[PDB]
Structures are given as C-alpha cells and as structure tokens.
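Taking the form deposited without the partner chain, here's one chain by itself in structure tokens.
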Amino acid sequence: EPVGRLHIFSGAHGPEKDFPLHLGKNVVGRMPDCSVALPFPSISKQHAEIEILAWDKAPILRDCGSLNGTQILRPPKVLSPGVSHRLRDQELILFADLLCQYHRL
C-alpha cells in the first residue's frame, strides 16, 4: 500500500522513527494529523510536503513556508518555499535540524 517510507534518525529530538508515504500529498508537520508527524518545537504545523503522483514517478518535495526551513543535499542548500525538488531513492534531507532519509519500497 505505501509507495515509500521516510526514516527519521535518532537525535536531540528523540528516538528514531519511520513513516509510510502514500500516493498523494504527504504532509510533514507538528500536528498528529500529518502523514509525517514530528511534534517538536522547531517543526512548523505545515512544514513541508512530499507529493507522490505515481508508483513509477519520483516523489516531489516542497517546503510549505516553514519557520526553520527544509534543507537538501543535492546540491546542499535551503529549499525555498514553492520550489520543487525531485527525491531519489536513499536521498537524505533535513527538516529544521532533523535528518531524514527517503526509501522507495
């Protein structure tokens, strides 16, 4: 049923966790209603989104106007609001200071 998963490494925020990613918009945010719920003060209510349109198309990551930002490593930079970034299998990203890794299932 899920197309991918997002792994959030253990850190200053607490223990490791994994989140399934589905077709459609997967919201990353502080609230429990988010697909990727990260209840930490540095994470915005609607922080970012990972949109998956098809099983065989790369997910697209966007920042939603978050306070503390989203960072990519291809190339290393802050991903500004509204700019699309296509994720590759095993790609690492940061939401505020939280390191995450995307896995295609």
Given for the second form:
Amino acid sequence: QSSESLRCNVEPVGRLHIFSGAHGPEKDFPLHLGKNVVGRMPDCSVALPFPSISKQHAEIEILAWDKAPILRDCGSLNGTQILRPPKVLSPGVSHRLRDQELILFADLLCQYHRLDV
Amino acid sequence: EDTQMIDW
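Could you output the structure for the form solved in complex with the partner chain, given that the previous block was the form deposited without the partner chain?
Below is the entire complex, every chain and molecule, led by the chain shown above.
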C-alpha cells in the first residue's frame, strides 16, 4: 500500500562525489534520470545544507544513461565553477558533464562519475 | 534562511 510499492523505482545512473573540506567529510550522492537539484533545501537530490550553498543552487539533468548529464547553475549566490574550460557557469547556460569531470558549487569541490567505468 | 556569502 506504500506509495513507492506502486512505482517503478529507477536505479541510479551516476554518482556525484563530494570531497572532504571545511564543510565535512567526503560523501557520495546517487544521481537519477531527470532533474537532480543541487541545493541547501532538504528536498534536493543533492542536499548540501551549508550556508554558502544556495537553496536551489544548480541542476544536473540526466536525460538518458547514454547522454551526458546537463549541468546548469540556478543563479546561485556563490556560483558554480567548471574546469572544462575553467570559468564560472552563467545561469541558464548548459554544460555537458564528462565522466570524472570536476565542478565547484560555491567552495565545495565535487566529481561526477558514470557507473560503467 | 538567506544564503551566506563566502569571504575571499
């Protein structure tokens, strides 16, 4: 009778690793098909409840397990930084993520992984 | 709460 027992619960298609730092120890977050919101809010797929992370910081959209995730910043206060090539990602502008790609949300360094590597 | 600014 549970809500989740009715549904097709789709397995994770990727992983976001967060490196250890002033905010705490390393952590892995499962990423799913669709919109993975990165943000401070408790409901976010990648919930990073640090005061420097925007309530809705960024979004990693995964359309297919054979297509590159699409990263975009949601007009976060402290920005989203990519390194391919290095630059602050302007709100709305999509960035396709490669396996092992490194990104910063505010001062939190993260690395995206496929699951077939 | 409001997002904190990072000081550099």
